[PDB]
Amino acid sequence: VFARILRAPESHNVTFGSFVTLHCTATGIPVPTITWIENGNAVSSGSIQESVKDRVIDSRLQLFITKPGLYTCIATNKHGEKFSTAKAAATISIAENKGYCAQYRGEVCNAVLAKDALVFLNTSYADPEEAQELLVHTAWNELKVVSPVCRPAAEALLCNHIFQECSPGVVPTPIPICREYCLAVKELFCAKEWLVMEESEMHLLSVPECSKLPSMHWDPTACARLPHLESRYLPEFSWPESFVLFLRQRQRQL
Amino acid sequence: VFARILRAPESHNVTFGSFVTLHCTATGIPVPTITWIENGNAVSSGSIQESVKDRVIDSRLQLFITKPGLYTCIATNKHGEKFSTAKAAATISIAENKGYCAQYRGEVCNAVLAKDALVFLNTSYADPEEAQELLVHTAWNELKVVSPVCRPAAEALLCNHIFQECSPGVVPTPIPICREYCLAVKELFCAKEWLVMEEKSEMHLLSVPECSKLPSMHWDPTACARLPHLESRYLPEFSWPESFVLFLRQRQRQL
Amino acid sequence: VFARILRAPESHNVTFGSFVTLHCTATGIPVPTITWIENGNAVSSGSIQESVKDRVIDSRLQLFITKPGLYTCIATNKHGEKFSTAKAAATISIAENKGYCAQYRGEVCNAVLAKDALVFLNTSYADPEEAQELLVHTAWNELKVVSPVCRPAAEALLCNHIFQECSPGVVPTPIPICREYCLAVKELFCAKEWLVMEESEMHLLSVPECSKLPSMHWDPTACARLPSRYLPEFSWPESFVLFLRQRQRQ
Amino acid sequence: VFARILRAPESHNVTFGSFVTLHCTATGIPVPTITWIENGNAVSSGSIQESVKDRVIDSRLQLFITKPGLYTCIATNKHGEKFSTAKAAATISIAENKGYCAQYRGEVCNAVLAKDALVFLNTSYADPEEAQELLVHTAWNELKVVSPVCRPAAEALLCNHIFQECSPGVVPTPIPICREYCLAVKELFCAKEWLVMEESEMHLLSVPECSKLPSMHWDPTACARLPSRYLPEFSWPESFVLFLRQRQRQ
Amino acid sequence: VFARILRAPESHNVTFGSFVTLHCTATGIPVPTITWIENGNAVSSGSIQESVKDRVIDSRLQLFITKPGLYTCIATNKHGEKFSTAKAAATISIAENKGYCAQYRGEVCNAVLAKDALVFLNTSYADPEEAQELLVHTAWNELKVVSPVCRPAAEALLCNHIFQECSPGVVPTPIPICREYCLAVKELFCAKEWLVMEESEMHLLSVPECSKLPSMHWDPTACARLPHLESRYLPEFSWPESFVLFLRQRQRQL
Amino acid sequence: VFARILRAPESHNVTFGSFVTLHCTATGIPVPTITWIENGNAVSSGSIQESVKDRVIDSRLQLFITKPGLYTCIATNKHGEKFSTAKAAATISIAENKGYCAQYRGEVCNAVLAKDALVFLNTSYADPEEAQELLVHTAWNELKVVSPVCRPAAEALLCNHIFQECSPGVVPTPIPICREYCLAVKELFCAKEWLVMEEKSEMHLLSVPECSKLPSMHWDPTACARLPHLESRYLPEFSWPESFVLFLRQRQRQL
Amino acid sequence: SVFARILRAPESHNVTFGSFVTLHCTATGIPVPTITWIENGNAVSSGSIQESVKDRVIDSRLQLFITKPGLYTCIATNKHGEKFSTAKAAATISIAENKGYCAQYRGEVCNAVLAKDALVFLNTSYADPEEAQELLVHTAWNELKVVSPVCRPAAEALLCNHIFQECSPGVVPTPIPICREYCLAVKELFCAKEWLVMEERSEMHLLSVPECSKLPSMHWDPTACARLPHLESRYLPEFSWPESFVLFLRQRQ
Amino acid sequence: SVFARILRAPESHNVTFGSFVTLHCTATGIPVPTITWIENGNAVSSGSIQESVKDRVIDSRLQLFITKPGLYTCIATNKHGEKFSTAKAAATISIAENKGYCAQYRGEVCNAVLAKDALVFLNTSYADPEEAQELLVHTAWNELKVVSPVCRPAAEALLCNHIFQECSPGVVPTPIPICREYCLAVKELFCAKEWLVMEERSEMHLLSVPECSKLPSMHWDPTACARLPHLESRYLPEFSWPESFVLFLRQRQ
Ligand SMILES: *[C@@H]1O[C@H](CO)[C@@H](O)[C@H](O)[C@H]1NC(C)=O
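Residue numbers (the entry's author numbering), protein chains in the order written: chain B, 210 to 305, 313 to 415, 424 to 478; chain A, 210 to 305, 313 to 416, 424 to 478; chain D, 210 to 305, 313 to 415, 424 to 451, 455 to 477; chain D', 210 to 305, 313 to 415, 424 to 451, 455 to 477; chain B', 210 to 305, 313 to 415, 424 to 478; chain A', 210 to 305, 313 to 416, 424 to 478; chain C, 209 to 305, 313 to 415, 423 to 475; chain C', 209 to 305, 313 to 415, 423 to 475. A prime marks a further copy of an entry chain.
It is possible that some hints are incorrect.
[Claimed, not checked] Derived pair list, reagent style BS3-like, types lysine-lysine, alpha-carbon separation capped at 30 Å:
| id | chain 1 | residue 1 | chain 2 | residue 2 |
| --- | --- | --- | --- | --- |
| 1 | D | 314 | D | 262 |
| 2 | B' | 287 | D' | 287 |
| 3 | B | 408 | C' | 276 |
| 4 | B | 331 | B | 360 |
| 5 | C | 314 | C | 262 |
| 6 | B | 331 | A | 408 |
| 7 | D' | 287 | A | 408 |
| 8 | D' | 314 | D' | 408 |
| 9 | C | 408 | A | 408 |
I should point out that these hints are in silico values taken from the structure, not numbers from a laboratory.
This is chain B alone, in the form it adopts within the complex:
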């Protein structure tokens, strides 16, 4: 009846830039709830998938490991007005050319990156294509709410900065974004958005800082420029996929 942890988090030793999944299952009546703690506070960046299988709760915390940490599982169910709690912890610790060129095979940048181009994948991460995919989402999480004028420029800028094209040659090396590209987005298309964000290692690796970028006039061949942003007259409020699917199901029930 009381909360009890069956499968507990297993400590893991992983390499920098590895995606790891921690597991924790608990049982009890009522079915307990699982909370994941990271070094005393809530997890800073991750995803939790939960499945209530009758009386057992399955909780999976997925992480992108760049620093070591102690992750703790907290299972709790309430009895009358008295909570019951079980705990189990795991320790994630880090072990130990510059990259390779490949076609982008992800989803977040499919509309911005050309399919005939080769981008640079940083082998400092054990899972490069997945790590840099997450960096693009991380930046969008930092920019937060995005105005219609800002989204195409921000999508292009972040995609071109994290999935940079490869220079001509046999040694893999990325084409940076030009300083003017960066300041165009920062000071024009996304001026308000950047301001709020100016009010973290993931931030440093994903959000571009314009001062560290070359100027397009020093050598226009040696950096990437503001792409042509195709303007679309899409509806101001475009109904979410959730509502569109809901409508279609109601039509299918005649």
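We have chain B; now place chains A, D, D', B', A', C and C' with the ligand onto it with these hints.
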């Protein structure tokens, strides 16, 4: 080779609160794009589904009609630097017991509404269940970015305000939201979010509650729905979006 | 057992400036609560004295009637997650040489007013010595927090404006406060407090408007002129003082 | 007759967290006033009970001693335009398993705390049930004015933080409030009030610092979690309530 | 012993722009004090001279009459804690080429106006030289505190605007100040001073409003310009005459 | 014809708090002007008396010496557009019981100080009575424009602070101003005036009271001077200045 | 002859709408006088003064673009001692009485924006169409005042395309207007700060500064209005020497 | 020959302090390339580019006032498709190694301020003194940026008298500096707003913009510093047409 419209949108004469779909089909080389115009401006609220096959683009615009309007589809392709365009317009017109009670059978409010309560469906809308579902989405879109403290209160406030519980009286009449419930969300949990929204519409008036028009919980605690208990969840500060979670799941399954 | 009202409020037909008590008793399991509604909203000004005995709650709302109103008592208890509510309403209505001089016998102005002077009791009120005692308390509620340098000035100003002195002469006539007096407290000693309050028929009877006062220089016989303790910064509440006392006696 | 002190304050050597009363009586024509000085400045926290009989003023300063101090009583009267002052000083000094569980028997927390639970009484204080009753009153003085939506949240927060519940087990140990609880009242219900107060050894013992609290999600068995009246807008002061009462009995 | 008015204010009928003196004497033990009221409020512009002659107080209110008014005398002495008050009132009421050219014979503008020039004296006032002298003081009272950079420009501007020179010719007519002169003082030398004053018939007649003045470029001969303001390195705090006389008396007592 | 200095200023070696007079005499055609310079800048505090007779200008600069300084007189006349100038400099140097009690025999504080009380005269000044008289003037000059509410309080505060009453103890020691007196003037009667002054000096430190350094009236009501009663006078809103009152008196006497 | 005297007075003219006129004033005196031009009693709102001073004689020419009637005055002034001497002479400009033609742009202000292979619409409502619209571009620049380096290329394109509009295809001379979104992008992005300064009414403003709400939308018909061009950036010197100094240096070398 | 190629490269020079130098770059390509000038890796801080494009060839000349060593780079670029082609060529400017003389002012920027009968001090610390100080005046104007009509005459006088200082009487060429009160009047009155914008360090700033605290006082000795002159106001047109348009109109007529 130039852009041409095969199936033009057709004029509609519907009742208040009806969902319609406008169709526009075009051809050309290259395949044209189709852009929808609402009274000379972009569609305020709608959904566009598009499909291209063998130099033919089929575009469908879904709308929730509450005012008349002139809708035009613009088919445009480009040869060199010169554009080629064809237009076709359609006119949507409006034509012409207060409601009924039923169980909620939607998704947007599934985590808030009891799976047994009877909510009020406003039959001033031709499509009450779908109309009120869209209203919750409409409200969420006005609030825009929400704090982790605000999202539970807003989800509760909007769902209870749009899908109001039916009073136990024999006549279908909704139980309103209490003023203290609305003021708690607007002034405490969602203080910043409400300010940004007010800084910046019939859809807004029907979807976002105005607390001044609400009754007080103390006048009769049985005649208004109060702030439900909200559970803190201690989720990650940045929860990876669904798009990424699928991507990572699929790629880890490839191996 | 759902909430039930036993004694309902009765309607009253009082005269201007009367003190009236409305009664409402209720019972239930659990014992219900009693809320009072005035003309749809909360009670603007009053006192609620409540008692519970043998599963009966006895609520009494005391008011100062200057305007007619509709009062309602709301009896409410809960059974699990469902409230149960009983309502009962009552209407207070108004019915039907300007005063008299006497010694001040109240409490709120015991320090400012003199123990050997005659104040003006406005017989437009049915209960003059209350009404004016309440009016002083009403003004203090308008000023809210007061600074240590503002309190002695506000106490004097309010007590002299509401308990005005009687003019020498057979006809009872109040001696008002001078405009300079009022302007001094409003623009100097209580300037902050006055500003926050400038940000109600009770308000305009209790708080002076300097603009509608005579000037000391017009005739300094016809109005009253402006007349420190180093107390503890946090002076303990009398509740704790009595709590301390009752327990040392044991 | 110039002001003369009769009984002077005596020095005291008390233990940490004791309640002490200092006495000072004076006489003169006119009857002098008695002011109290603490370490050169005004008394930070205390209660002064004064009485005058047969041209003798009996002043009593009650304090809660947590730190040593130098107290002085200033007896003052006036003869025309010249003040006359007598002084007398006294020094309070400090001298020389962590508590016990018991039922709450005070007044300030009679609503928030349960009548059938055990709270932790910190025996670091010589007078535990006072000290913590005073500490709650001390926090209310820090928040000053509270909004109607902030008051019920502050009452709960203060009463649960100062009268913490005892953990199950033989060793008496207090159950603290969760950080989320504290953060909720500070950032939502009492956010304004908290901001004006963020603009003292007594302060840090009476008012919670959310940063130094456990999290509910770490273990929701190890801390206390967050647990409306539509009263009159201006609820008459008890002083006027009693003034009204005493006179209707006559 | 009580306050009593011996000589009372005498009502007068006067012409526009006349200086009048109202009298009021009172006696009593203690010697009373006199207060002058003008239409219920304190006198807006005037001067009071008082002389305590043993047990009689003499009070003289001097006024510049442009509008009718009711002036009231209030004599009051205190007995214990009870004031005694006597009152007496008077009513000032108004009766009924454009001017003449003369040398300035006043004091307030002696350092600004040339002694060989002829200024315009507006005969709409019964006492022109005295009225326009008062207008200069009135303006200084409106400008209030004056910075060292502002005083020479303000002194010149007000003096040149109220004591304007006479145009060449046989019909008396004044030379206005140029708009540029006015805006120079208003927006440069006295910018802060003017701002405070922007936060009354006497004001309108004495303070220049720059928009109603001609421009010096329309005809440089037809208006008066910013005079050369001689700069002096006088001490920042120049001791008042009161202190200088005090020092000298102490030297004379050896 | 060019500017020449006949009697140059002479160097002085005085004690702290001494009043001195520097002399400078010049001649020329035209008669030169004489300008006084204090350490390369304008004299901070002083009084200049000048006299011209038969192409000779006699200028005297009165000072209250508290610091050493280099004083220079500049004699300048103008021929055409070219200036002609002669300079002469003098060096004032500083050289080397706390006070005494006496009756006030000044003017600046005559309406505030009792005509029988004994005030404290600080003998750190070579010229105590004149020094403290100048200090009141110095303070008034810092306050600048004063409201009709402020002038009585300021007059009282400064006079009581500069000419403090002597304590009845046998040793001359001044009775200070209470903190409550100073805070009342600075924060109530003269609130605006004090703010403008603080926005913008040894003379300032000796003349304008700082309330934080003052004792409290409640520590011992006999050891500090409290806010005296100030009488409202209901004078005209604009009282004609003395210059005008004389002018009008004289001209009305001409007739 | 010592005091200011006008030798050549300005002469009254009757011109058609949108005509460039030049008024003349010659004055003499010892010292040589100054000549101030006054337009309806204020300063000339828009114009150009070229004056040459030769010893005792000043010749002042005032160029104007005439769209409204006006009275213009020459004020000749010299000073002897502290007294001024002034001579005046007035002259009245009054107004008499297919929408245009297509031609290649041949001006200076838009040469970096307008294509050589394009024909622009010249509004024959003006007597001197090419010179009038050239001035309209300059007039808009003056309303815009201080332009940032990022605003300058966008504002140059916007004003040039709006005042020298490309001729619509067909045989009837008609202008192609700039699109709303073109205008809005310059006003709300590239020149956001410059546009807010200007917003805080003159006929020259209305003719020169576009109002974006009265413009057609590119999404209505992309062929029917001018879209935002591809702006070219330049790494010009932070302080680029003024032309007057370039010429001064040329003479010395 | 299609891609950008530099025909004439910039050449390194060794000049003396305060020398005017002109760097040359000629490039060819189809389409004709652009030429960007880079100074120590940033934009040229102060200079002037004159470029002429003739079909397939661009000739760019960059004028500079040399006071510090620097490396200057020519960047020739054209575009074929969506790909750029870039040619670079660098050149290094390095520096070699009575305080002045008196002469009549003969420049353009101060001709309305400086008297014909005055001799000004030319600082021979510069190789080209008259041209250097002329540029210093322009450089100060650029620091001052937007000047009001009331500030302009005062700022013109102040900078001109400060950079072209009158020669002190005697046989040794020495400058007469402007007085503190002159400077303070412009900074605290006429140009009060312009001066606060500038206050929110470069060697060109220090040489061109006066600092009033390092100036002598007119009350010390009125003969020893330049006092504030009598400023002359002008009723110029509110919008005075730019010189480029005046010249454009001249050609058409
Ligand atoms: C208080 O009593 C303790 C007892 O040991 C003593 O040590 C201390 O000095 C006393 N303090 C006083 C008398 O101030």
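Outcome of the hint check:
Distance check on the hinted pair: residue 314 of chain D and residue 262 of chain D sit about 46 Å apart at the alpha-carbon level, beyond 30 Å; violated. A C-alpha spacing of about 23 Å is found between residue 287 of chain B' and residue 287 of chain D', which places the hinted pair at or below 30 Å, so the restraint holds. Of the supplied pair hints, the one linking residue 408 of chain B and residue 276 of chain C' is violated, its CA atoms being roughly 40 Å apart against a limit of 30 Å. Distance hint between residue 331 of chain B and residue 360 of chain B is fulfilled; the C-alpha atoms sit about 28 Å from each other, no more than 30 Å.
Straight-line distance between C-alpha atoms of residue 314 of chain C and residue 262 of chain C comes to about 46 Å, which puts the hinted pair past the 30 Å bound. Under the criterion of a C-alpha separation no larger than 30 Å, the hint pairing residue 331 of chain B with residue 408 of chain A is inconsistent with the structure, at around 42 Å. Proposed proximity of residue 287 of chain D' and residue 408 of chain A is contradicted: the alpha carbons are some 59 Å apart, above 30 Å. Restraint check for residue 314 of chain D' and residue 408 of chain D': not satisfied, since their Cα atoms lie roughly 36 Å apart, outside the 30 Å limit.
A threshold of 30 Å between alpha carbons decides the hint, and for residue 408 of chain C with residue 408 of chain A the separation of about 27 Å falls inside it, so the pair holds.
Checked against the numbered hints above, the structure breaks hints 1, 3, 5, 6, 7, 8 and satisfies the rest.
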